[PDB]
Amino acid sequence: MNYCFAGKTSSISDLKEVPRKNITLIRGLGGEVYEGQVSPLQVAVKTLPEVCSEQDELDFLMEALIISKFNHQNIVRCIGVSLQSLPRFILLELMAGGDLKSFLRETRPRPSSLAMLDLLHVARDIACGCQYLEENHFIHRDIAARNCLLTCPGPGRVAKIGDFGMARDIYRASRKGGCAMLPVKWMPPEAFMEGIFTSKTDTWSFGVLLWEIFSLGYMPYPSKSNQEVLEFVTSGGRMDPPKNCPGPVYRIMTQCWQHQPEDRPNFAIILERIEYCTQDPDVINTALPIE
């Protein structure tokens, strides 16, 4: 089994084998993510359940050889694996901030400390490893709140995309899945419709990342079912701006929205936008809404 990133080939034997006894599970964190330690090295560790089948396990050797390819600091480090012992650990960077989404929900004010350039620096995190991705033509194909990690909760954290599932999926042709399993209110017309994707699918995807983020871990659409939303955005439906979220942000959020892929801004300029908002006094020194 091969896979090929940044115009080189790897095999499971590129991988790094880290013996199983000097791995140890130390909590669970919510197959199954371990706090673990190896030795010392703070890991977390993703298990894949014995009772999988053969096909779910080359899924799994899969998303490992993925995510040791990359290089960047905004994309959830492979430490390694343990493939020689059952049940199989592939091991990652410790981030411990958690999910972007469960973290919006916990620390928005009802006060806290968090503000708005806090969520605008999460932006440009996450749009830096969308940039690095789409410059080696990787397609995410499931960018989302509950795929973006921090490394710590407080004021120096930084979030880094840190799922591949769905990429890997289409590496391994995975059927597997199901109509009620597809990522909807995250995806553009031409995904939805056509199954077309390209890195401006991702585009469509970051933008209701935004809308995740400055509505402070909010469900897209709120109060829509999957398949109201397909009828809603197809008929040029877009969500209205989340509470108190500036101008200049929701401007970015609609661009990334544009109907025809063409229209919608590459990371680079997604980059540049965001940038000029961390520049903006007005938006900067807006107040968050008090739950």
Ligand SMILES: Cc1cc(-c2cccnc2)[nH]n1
Contents of the next structure:
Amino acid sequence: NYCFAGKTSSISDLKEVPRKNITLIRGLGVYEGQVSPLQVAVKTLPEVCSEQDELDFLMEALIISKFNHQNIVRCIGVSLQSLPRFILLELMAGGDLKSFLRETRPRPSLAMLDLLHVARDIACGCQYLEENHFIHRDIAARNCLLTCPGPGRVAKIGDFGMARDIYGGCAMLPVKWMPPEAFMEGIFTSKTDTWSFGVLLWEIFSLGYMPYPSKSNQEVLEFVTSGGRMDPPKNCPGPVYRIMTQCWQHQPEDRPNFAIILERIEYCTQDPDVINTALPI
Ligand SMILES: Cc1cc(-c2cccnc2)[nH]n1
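Starting from the form solved without this ligand shown above, please give the structure in the form solved in complex with this ligand.
Now the complete complex, all chains and molecules, led by this one.
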């Protein structure tokens, strides 16, 4: 039983796709697949798994199935009555955002406006999550996906494993994306995702760098709790960096909600001095 948006659902509400209709085409590093012919991504549950994994896999399907928003990956259905169990998801040809940013770093293509559109897309999905009282807890470039690599790309939130687990360790907590009250006190609110979004904004405008580059998790923990924050990414416009620093306010109630983040991102897309800024090679 999973609840969201004022309703409660169960494994039954999911759309079971008969296994015979599903064909795997590739590994994606998850598989590309066909459903008879719709092209999909296939998330597989290892047959070698515990019964916690089973519950976890099922809950992720229910979670994703109850979102209806263009910046959140669609769930096409499931194939749970055959082994290995499948979740069928929208196919995102552009791949994960972190890799796209690294592979697409300008070299001897990408402009500031393109980064702002990615930021806006994800902020729009986060707003929808906040409006529906869903806390993602793991907003980060590695969990975002792009429809296509070329122009006209749309970014969407593509993984919900963290929200499903707390619905798995200290050395596995995404400490570099978390605000103080989250890694000190275990408190998670919509303002937790606001902080993380600021880190994601830094990943975007650094073009896929690891946050707090030369620091370890514990060092970041002590840095952040002492009031330290990352410097601007190379060539980052001040209006964009100002969004990051607002997201990283020490007190959650001093951080903006996603309606205001979106507002400020759109104001950035309007500033020639911002969108005419050159990205570093
Ligand atoms: C859920 C999902 C994952 C993907 C994907 C990942 C990496 C490369 N290409 C596509 N598309 N859809």
